[PDB]
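Okay, so here's just one chain, in structure tokens, the form deposited in one PDB entry.
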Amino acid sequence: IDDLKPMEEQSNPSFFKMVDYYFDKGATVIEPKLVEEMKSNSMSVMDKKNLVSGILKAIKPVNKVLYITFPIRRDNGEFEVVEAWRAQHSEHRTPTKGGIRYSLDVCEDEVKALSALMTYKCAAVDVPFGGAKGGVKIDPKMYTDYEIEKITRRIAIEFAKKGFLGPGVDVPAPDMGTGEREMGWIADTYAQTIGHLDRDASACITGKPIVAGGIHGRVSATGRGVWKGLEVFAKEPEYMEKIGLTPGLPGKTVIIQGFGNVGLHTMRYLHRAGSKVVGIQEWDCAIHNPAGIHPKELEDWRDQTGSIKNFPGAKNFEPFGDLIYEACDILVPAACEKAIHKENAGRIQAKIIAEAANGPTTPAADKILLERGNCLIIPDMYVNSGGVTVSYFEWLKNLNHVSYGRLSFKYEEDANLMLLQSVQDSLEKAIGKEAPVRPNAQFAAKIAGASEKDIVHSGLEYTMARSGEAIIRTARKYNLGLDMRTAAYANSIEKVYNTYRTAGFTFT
């Protein structure tokens, strides 16, 4: 039907195929440099082109999909068969990394598309994992705690038996329908059965509860990275003027589509950065307030009343699905894929679109806005990878068998106080009077609060900034304009390809 039109003309394209289209755009930018960098005096130019083309060809398709079925007895005593999948898109680095969904939506093509995006996300943030994705095809709200635990423990055993769960092979994480209690159950099941000799059993999964080896700073990480991603680009006048904006995040109006975890923490960090979140669009409501909604009050009001609607500090915006077409400086899509498509891209008045969700903009809509010349799209596989980065830190913490800062916080504090007293001694000698030299209020507060989350945050921010700058240099180098998505894919593909070339692949 539609799926014969070109990809930049499709209305309801496949998710995996639109990711492959973004891959191809990126491979095209980078392949000349790759052929040029290959050096053999025993390879002809055709040899070199074929090898580069062959590695890029290998990267695109999912390496591996495990499909399983198993029985369970429901709490009522009857028996039912459950399906589950785990895709490992790329093993150029192991373990693979990616979440597990409990949803009726899960399908093989879905885990394939998102596992591929996971490969490019990890590469974007210099996280040494190939991408993976899993799903159990259940509506979890239809099951008791005990039924969910039985299902969770059974996928842990079956996945682990076949090499689809393990600290060195495949490390999952929460997704839609799962959370930290399921990760704690998977970790325990692994540690207690087929990983009972694994010294690093708790590194088999991330998003664990703190008491089971989880990491502080996980819950807000994705939202905090979206903020840092927006920050990296908002400081650039070249792109800010071409889209008609002034630099910096303070003052910018933000419409956020989705008040789940990522939208909420983005709102939190954006609000906490001086922005006005003038609109919240949800699946059945939308509140707007040109003054901006306060995320605490609205989270509380949503907590209290169950919904953002009628939010005392916010009018209900009706035609509530059209709040995203309202005028804003930044639109933050944080709900499902293909939210900006062929048929609505032109109605988007946002000057920046920060893709907090996976695949919110179809190739068709990406084109319309790029040709329009006044829209900066910050791509999903960069801007929404803050959680990926922190998950790497959680895996490391489990391999380390100690929390970050345990052996350094006091040592460093005492060293800093000794340094400050040395300066005070030196100053009082030079000026001949009492002159205290103490931490100011900010430094005193960070010293008093020093905790693992600070180390996580600093590490996240360091990575988001470096990755963002590399995407900018690439766009500039190839005169890609506001097409930061093609720049980001070129950078990620290049890293994957160079893994293959130094490993020396071919041997199949």
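Superpose the two forms; the largest set of C-alphas matching within 1.5 Å is the rigid core. Positions refer to the first chain, counted from 1. Compared with the form deposited in another entry:
- Of the candidates 479, 44, 69, 442, the Cα that moves 2 angstroms or more after core superposition between these two forms belongs to 44 alone.
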The other form holds:
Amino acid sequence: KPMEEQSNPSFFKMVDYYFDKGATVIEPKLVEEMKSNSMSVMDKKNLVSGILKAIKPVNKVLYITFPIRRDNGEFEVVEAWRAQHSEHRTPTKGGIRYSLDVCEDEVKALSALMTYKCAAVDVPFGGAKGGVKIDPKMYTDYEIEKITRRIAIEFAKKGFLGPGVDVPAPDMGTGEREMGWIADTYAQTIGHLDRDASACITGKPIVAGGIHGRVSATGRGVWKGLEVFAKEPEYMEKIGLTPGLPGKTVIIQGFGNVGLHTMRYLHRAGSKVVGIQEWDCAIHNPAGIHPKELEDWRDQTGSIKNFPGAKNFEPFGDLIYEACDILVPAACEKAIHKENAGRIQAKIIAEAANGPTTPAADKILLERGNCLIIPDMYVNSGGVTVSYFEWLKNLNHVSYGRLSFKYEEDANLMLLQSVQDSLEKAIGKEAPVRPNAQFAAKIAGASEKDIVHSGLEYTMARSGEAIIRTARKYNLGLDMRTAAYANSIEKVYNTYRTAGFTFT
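Right, the form deposited in one PDB entry is done; let's see the coordinates for the form deposited in another entry.
If you are looking for partners or other molecules, they are not here, because only the chain is given.
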């Protein structure tokens, strides 16, 4: 069965089908970019197709087994995997899962997706992904620590951990304290002469070189991606909406890190979050749900169920089919497939999760003509941008703003004082020129996270605009996914084009 008609396809097959759509569009452009007076047009097309043939498969996978000592004294053997999809830029970049679902095929497929997401936000890393096949809840903190230090050593001995070769990150089942342990193990062993050891991994605690602004970054990028598309009347009218985020109604599938922080930013932006659907229960409220109260309730009772500021909802798994302006898939992959795509009524889908829409569903919804999907490899890449800033920070050996906050603040005050002196000379009375309420608040709370926030907002706007320009140039309509892959493929291809692919 062709991919556009399958029901539960493999994740790696989805990535490659979407890759092919983008490659077909951008191929003539790639041929034109190959400047060579020695090659005919036929020769150029054969080399371009060779380059694309090398990009799609994963370059490298390392598989390891190793014993650990349980706390009571018996020993167990643990499996782990680390995939490096592309080395066209080094180091490679990607997270590490502790989960019973990790396997070779899964670290392969998500490492491919990660190469394209790095290219999408102009982050100079090839894609990587890793995993340890354990249920982290069945282990004590002491056992988790021994497992974590051992994967650091074994990965680093073979070139799958280090600031210049491969730089990991947190994922499901790991967090910042595991990242601190890996950084400490690397610095004391394999990396003991490395001047930049703390740059071997990102997601670290602040005290160990982590960066302010990381926790909310993926959510802040989902908000900024919607804002780039909500300001465009040509697209908002085709789908039956008015410009802007204030007033729009939002249903969110998932209340993890990504769902909760996206709710905070969309609420602050003036949107109405009318529905939260979880794995065992759903809630709703057509007037909107207040983020701080909902998070507080779940924090105390253990669930979003019976939230006083909303009502529980009928067969909880069907909330995502209700009418809304924006649906945010923020849970598991393939949550939208062939058998339920038609039941979707949202006008905008913002993929805050890895591949939540299969190619069959993506096609059913493109044919319906009234639904704009903002692709995952762009819109949930905010955290990838800020992990690039954390690596930079560890290479700079100083926090952002340490040598500029006071210098720039004093220049700004001398600027306003110069304006005040000239104004008073001109109108001949006293006339204070001070920072207004908003400017005084920024000046007073100036910190590293503001530089990080501005860096992320800059990248998402630039990349979002480039997707739109590509979609208009090739008459792609509302198919922004194909436009995003074409921009991503084009960047990777140009590395191979200038590095030299003549050898083989």
